[PDB]
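Student: All chains should be modelled from the sequences, with the hints used to inform the complete structure.
Protein chains: 8
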Amino acid sequence: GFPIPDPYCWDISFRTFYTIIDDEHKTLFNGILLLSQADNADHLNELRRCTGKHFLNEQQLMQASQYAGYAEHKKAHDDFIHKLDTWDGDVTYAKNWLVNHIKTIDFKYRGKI
Amino acid sequence: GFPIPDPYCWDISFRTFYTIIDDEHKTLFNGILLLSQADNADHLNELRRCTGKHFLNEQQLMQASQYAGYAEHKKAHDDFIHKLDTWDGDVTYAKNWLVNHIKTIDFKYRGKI
Amino acid sequence: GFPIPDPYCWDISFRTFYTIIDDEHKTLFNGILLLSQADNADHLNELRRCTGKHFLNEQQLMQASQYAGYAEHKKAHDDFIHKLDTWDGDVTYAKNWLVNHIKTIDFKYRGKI
Amino acid sequence: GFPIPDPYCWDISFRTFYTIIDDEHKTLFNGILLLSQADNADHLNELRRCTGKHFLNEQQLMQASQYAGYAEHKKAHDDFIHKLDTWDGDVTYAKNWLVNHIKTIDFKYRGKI
Amino acid sequence: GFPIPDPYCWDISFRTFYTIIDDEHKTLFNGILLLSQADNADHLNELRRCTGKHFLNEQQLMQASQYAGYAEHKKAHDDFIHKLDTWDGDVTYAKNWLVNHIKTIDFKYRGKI
Amino acid sequence: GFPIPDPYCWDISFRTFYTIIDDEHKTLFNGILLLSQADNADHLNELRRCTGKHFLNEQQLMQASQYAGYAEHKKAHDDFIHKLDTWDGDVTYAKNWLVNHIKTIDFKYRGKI
Amino acid sequence: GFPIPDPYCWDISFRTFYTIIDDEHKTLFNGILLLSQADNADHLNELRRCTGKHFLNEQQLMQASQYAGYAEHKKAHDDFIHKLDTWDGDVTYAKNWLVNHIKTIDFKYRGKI
Amino acid sequence: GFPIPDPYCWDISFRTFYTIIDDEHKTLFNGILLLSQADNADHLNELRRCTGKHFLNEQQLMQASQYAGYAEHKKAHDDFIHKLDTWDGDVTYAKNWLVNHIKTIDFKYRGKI
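As you go down the protein sequences, you meet chains P, E, X, S, U, L, Y and B in turn. Heads up: the first sequence at position 10 corresponds to 754 in this note's numbering, and the numbers run straight through without jumps. Heads up: the second sequence at position 61 corresponds to 805 in this note's numbering, and the numbers run straight through without jumps. Heads up: the third sequence at position 105 corresponds to 849 in this note's numbering, and the numbers run straight through without jumps. Heads up: the fourth sequence at position 40 corresponds to 784 in this note's numbering, and the numbers run straight through without jumps. Heads up: the fifth sequence at position 112 corresponds to 856 in this note's numbering, and the numbers run straight through without jumps. Heads up: the sixth sequence at position 94 corresponds to 838 in this note's numbering, and the numbers run straight through without jumps. Heads up: the seventh sequence at position 43 corresponds to 787 in this note's numbering, and the numbers run straight through without jumps. Heads up: the eighth sequence at position 3 corresponds to 747 in this note's numbering, and the numbers run straight through without jumps.
Honestly, the hints are just simulated from the structure, not real lab data. Treat each hint with caution, since some may be false.
On the chain X side, residues computed to face chain Y include the following (Cβ under 10 Å) [claimed, not checked]:
| no. | residue |
| --- | --- |
| 1 | 808 |
| 2 | 809 |
| 3 | 818 |
| 4 | 819 |
Taking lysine to any residue pairs in the SDA-like style, the calculated list, with each CA pair at most 25 Å apart, reads [as the list claims (entries may be wrong)]:
| no. | chain 1 | residue 1 | chain 2 | residue 2 |
| --- | --- | --- | --- | --- |
| 5 | P | 827 | E | 818 |
| 6 | P | 827 | P | 844 |
| 7 | B | 852 | P | 854 |
A partial selection of chain S residues facing chain B, derived with a Cβ cut-off under 8 Å [said to hold, decoys possible]:
| no. | residue |
| --- | --- |
| 8 | 793 |
| 9 | 796 |
| 10 | 797 |
| 11 | 799 |
| 12 | 800 |
| 13 | 829 |
Backbone N, C-alpha and C fix where the C-beta goes; we use that ideal spot for every residue, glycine too.
Tutor: Right, here's the structure in full:
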């Protein structure tokens, strides 16, 4: 269980050392930051697009080295897409989910992919 | 329900703001324009090739961001391919179908993919 | 002197047998037709984008086979870009230029690239 | 003079309609925000990497359509790289430079590339 | 039913006007020519590699435009791979098969893909 | 049954003549060499990543020419991934497995892919 | 002096072990054989296209490994293009040139690129 | 002065965190080790190919982020190519050069590209 950055933007404690991944992660932080400012459809579309794209890329990256934790990782992703597709306005959930997903599930592939 | 451009060529009211998509759309308008001029096999092959190619590209683009309206969108496409594969010479249908497909189904993905 | 299509849209007489090239050529007919409908900045941008992109792609295709007419062909393209970049509203010139360029200059690379 | 966002993160007013460009722009806001939090080498590296990569990608996109404002735009980029490479710690300058570059220089390529 | 070229090498009557396809076809002719000269494993490996590669590429090309005759076309290919995988030394069959496959099944996709 | 190089690094007797493949093979030798030096998680992650990546690439290469020995080859690979995913510390096994896999199963595709 | 194959088609003695290169080389044998059958524009175009494309691809492969013989090799290619571009109908020269180029100049890059 | 590994193979102390780079670096250790085993043409070719390819790839990665140390880094690479191209059999030099290049010159781009 990790601290929630304030303002809610990416910081170097989240570095995975995969620059493409890190750059995509910065977009997820920004997407949740927007929602935290105005819970509207522009902001949600933005986060939803970035999230869908990042999850698929990250999944491809795992697949390229036949990563052993793929299936659990993909199910985490798919649950979160699902939350976004049924958005409830729970920004707090979303803030926590991302911090924890990166620092525990994404950090796990470092050095294996 | 939208107006049918006369001559039947693309105009900027159809812009999706995805330049690759817009350029492919211009080919669909042209394909239907040809058929409207001479209902023959050259013209139908031309429209059929362009349509098949555009639908698959557009489908790929939706998939890259895990677009939530993919499945309904893909079924729309597949119905229209089917009409082309069983061409009846109904140019009027084709003119309407495209205008409506772009302005209602394609416009829906804007900002999400 | 080739006939100028009316409406000013691509027809199969302009076929080069290179499908990607033909699809790009459709976009150039469309950009000139829009300007013939309303000579404004939007229509010019559209044509100008499609023309710059088409000229570079066709140039790349020529280079891939070390086409002997490359230099002369690139010069013809560059002269038209210059005309678009100093646009005076002479649609007639443009309509003629495109028909002639495709049917006498582009047609010369067929079978060689 | 555009307003400087606070927190200094991307918002949808900076949208260019080019999704890859917008995602890169989010990374530049983030790099400046980190420097505003702690002016150190890690934060500078991050911003410097993201800026060099973004400038080259955007340059490539301009070149793909033979964009007429390329040279002037490349010069603006190159001047900012120089500032990052001779970094004096003036975050204020950077915050202003980015907002202005996007809303007056990048916005000018919209519809042309 | 078409003439069998003598020597068994590609000629321009087999042009599909897809240069990548034509170039791959030249390799198939050569592969059968080798077998006609020495029925050994080097020659068969050569033809088998070229054939496998060409069929898959050609299949991809058909798929990119959602070609309506794909399934019949793919089954033709797969039967011929099968013959090669159970090679009997029937060079005559192979000579006929290729000429007929190109001039009747491959010629069918021209203008549709 | 082949000799085990000492030190356990690649030598030119393992050349497949596919430079990409050979370069990937050098990484597998190195991965097993590391394990032979310190059986830890860094070393195993390194070998596991390289192995997963190589097997998938090599599998793609086989698929591109519709290689007839694919299925047996893929099952060999998948068994070895499985050993790595249930690592027992048997370095001896791993040393033998690789030498034999290359010199008998990989050497088999030479000239067919 | 290497033997000139009759019929003038590629055989496995010309193998370079680079499958893409070998497939391109087959096309150059074929282009010369056609000219030996009928010295016309179609046959020349075919050979000229295949030669320009092959020379650029092989050049790119050399550059990818910073091959030390690049400059001298590029010059040999360029001299042959010049001969095709000033074609005098000397098929004999061409038949000899290709056999020699592959077996003494191309063979020298084997293992180095 | 860094320790020279014995056996002269890559270890995780050389890790750059760029997986493609690390895999290429493994090939350079291997090429020097072979020369240390037998100073012949095969071993030199191997090392020379892997080095030319690695230097160009790493250069491309530097350029993708407009890395500020590019020019100086390219010069260091070019000097080593020159040494390989004028190979005098000084393996000791090579062993030292590689260890030093990676741990002091390559390590400097980490986080910047």
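Student: State for each hint whether it applies.
Tutor: Structure-based check of all given hints:
1. 808: 6 Å, holds
2. 809: 4 Å, holds
3. 818: Violated - the Cβ of residue 818/X stays beyond 10 Å from chain Y, reaching only about 16 Å at its closest.
4. 819: 18 Å, violated
5. 827/P <-> 818/E: 23 Å, holds
6. 827/P <-> 844/P: The hint holds at about 16 Å.
7. 852/B <-> 854/P: With Cα atoms ~21 Å apart, residue 852/B and residue 854/P stay inside 25 Å; holds.
8. 793: 5 Å, holds
9. 796: 3 Å, holds
10. 797: 5 Å, holds
11. 799: With a closest approach of 7 Å, the residue 799/S hint holds.
12. 800: For residue 800/S, the interface hint holds, since the closest Cβ of chain B sits about 6 Å away, which is under 8 Å.
13. 829: 5 Å, holds
This entry does not satisfy hints 3 and 4, going by the numbered hints stated previously.
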